[PDB]
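Spelled out, the chains give:
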Amino acid sequence: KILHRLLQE
Amino acid sequence: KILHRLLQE
Amino acid sequence: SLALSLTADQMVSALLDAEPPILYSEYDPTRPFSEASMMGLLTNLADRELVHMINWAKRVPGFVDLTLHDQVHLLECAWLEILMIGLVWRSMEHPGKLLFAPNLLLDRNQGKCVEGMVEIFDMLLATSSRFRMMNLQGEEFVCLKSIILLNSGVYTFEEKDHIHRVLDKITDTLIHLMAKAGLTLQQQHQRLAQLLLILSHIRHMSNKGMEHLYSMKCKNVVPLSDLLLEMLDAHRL
Amino acid sequence: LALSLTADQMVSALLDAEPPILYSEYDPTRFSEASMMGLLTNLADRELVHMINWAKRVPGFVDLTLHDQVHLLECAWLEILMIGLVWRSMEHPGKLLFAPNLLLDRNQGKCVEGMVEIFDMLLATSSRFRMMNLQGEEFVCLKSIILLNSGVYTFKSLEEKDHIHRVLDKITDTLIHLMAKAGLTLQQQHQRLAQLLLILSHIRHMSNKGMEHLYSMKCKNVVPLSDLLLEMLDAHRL
Ligand SMILES: O=C(c1ccc(O)cc1O)c1ccc(O)cc1O
Ligand SMILES: O=C(c1ccc(O)cc1O)c1ccc(O)cc1O
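Chains as they are written, first to last, in the authors' numbering: chain F, 688 to 696; chain G, 688 to 696; chain B, 305 to 461, 470 to 549; chain A, 306 to 335, 337 to 461, 467 to 549.
Read the hints as simulated data drawn from the structure, not as lab findings.
Please note that the accuracy of each hint is not assured.
[As the list claims (entries may be wrong)] Partner residues are not named here, just some residues of chain A that face chain F (Cβ under 8 Å, in silico): (1) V355; (2) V376; (3) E380.
Virtual Cβ for every residue (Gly too), placed ideally from N, Cα, C.
Whenever a hint applies, use it, and build me the whole structure from the sequences.
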């Protein structure tokens, strides 16, 4: 999910 | 309106 | 208003006295549950509790000071929230179950019998678990329930100030209750916050519950009484 | 970490974490339903990206597992957008300041089907904020409370649940600190705390209605929604 990626960036 | 009447009883 | 003149102890006494009774469902154990019959028990139950609620609301200090149109609006906005908090309260001592009635105690597995219902049961059970976690007291419960009645529709509006004055009185009441319970000053404001934040979750469950009932209506799952139909129509889903 | 912060330190951290006010791409010399909706969803998508970075700076948030962070943001995202909007519009009676170049009055909500009802609830909240004279420091506390609280009930990881509750208490402590510092009596602090928290109930209500509205715009294919926005929307499974 996009959110999961943004939270890891 | 039923509630309206019930609020008077 | 004479409601603004009540002491904290008098406030609690008024609310405790106004408490509606626990009702029975017409659950018939001679036949197996269907989606239709389970939902029918719930809609029948809700209608009967509503009548007692309408009369309970009249005994909530400050409520009858408002015009019939304001009373109608407050109850229209909060009715399901009030049903739900009562349900969660009733279920406190039954972990994993929802005590809709003394003859109707359902777990989440039974809730799955109705489409989209288990999701709502899960939220209701989580809230009950939260009450247990906090050791919510009966006196606090009745304050919370009255806050919901006066607050939920208040911003869908000099009568505003009167409502906020009564609400402030109930805040006073909750603090007084926590103090008498021996909570420190810091615990007092921390618990007050914990309790009021529950109301956000109760609103959420109400909103979802309203959409769920609406879906049951639009699928002809169960017939709703005229009263229930009007309370639902008020949320124009 | 978060549990070691003082009231003043919490306020500072929250103030420093604040996201920027974005501008709309709006061309003010041209409004249709598709027009206005595209602007709002474009704005919402961009605000969301900044919100995610802001959440990471809220004390206590990064202590949670990735899964729990996702859950909280998924549940609270529209509440957070809305309270931000209400706060920006506070000094503009009757108007919603979506952006500095996008100030929409009540009647312009009529350009979008079902929008005006949402506008009316947002405007009423802004008026309530005015009536209470909400302060910037209280605002940022409230916004953090929504992040941590809205999805917290729907969570062997109860130590994470209890940790979140400890952080919530700290924010409560912080609100009270600000009120005492403003010279309010004890009775006045508790009353004001209650008034502020009850607002969160209305904000949850508006978010739920807003989510249904956004969904109804999704199935009208009037407005294309970004991938991120569709994922946030689908987390509420309407
Ligand atoms: O929670 C419900 C409820 C029903 C009857 C009642 O007496 C109390 C309730 O909380 C409920 C009602 C209808 C519905 O579609 C979903 C619900 O959770
Ligand atoms: O409140 C909304 C909102 C939109 C964009 C934004 O940057 C902030 C907002 O609060 C909003 C968005 C979509 C919708 O269908 C309804 C809304 O209220």
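When the hints from earlier in the document are held up against this structure, which numbers fail? none
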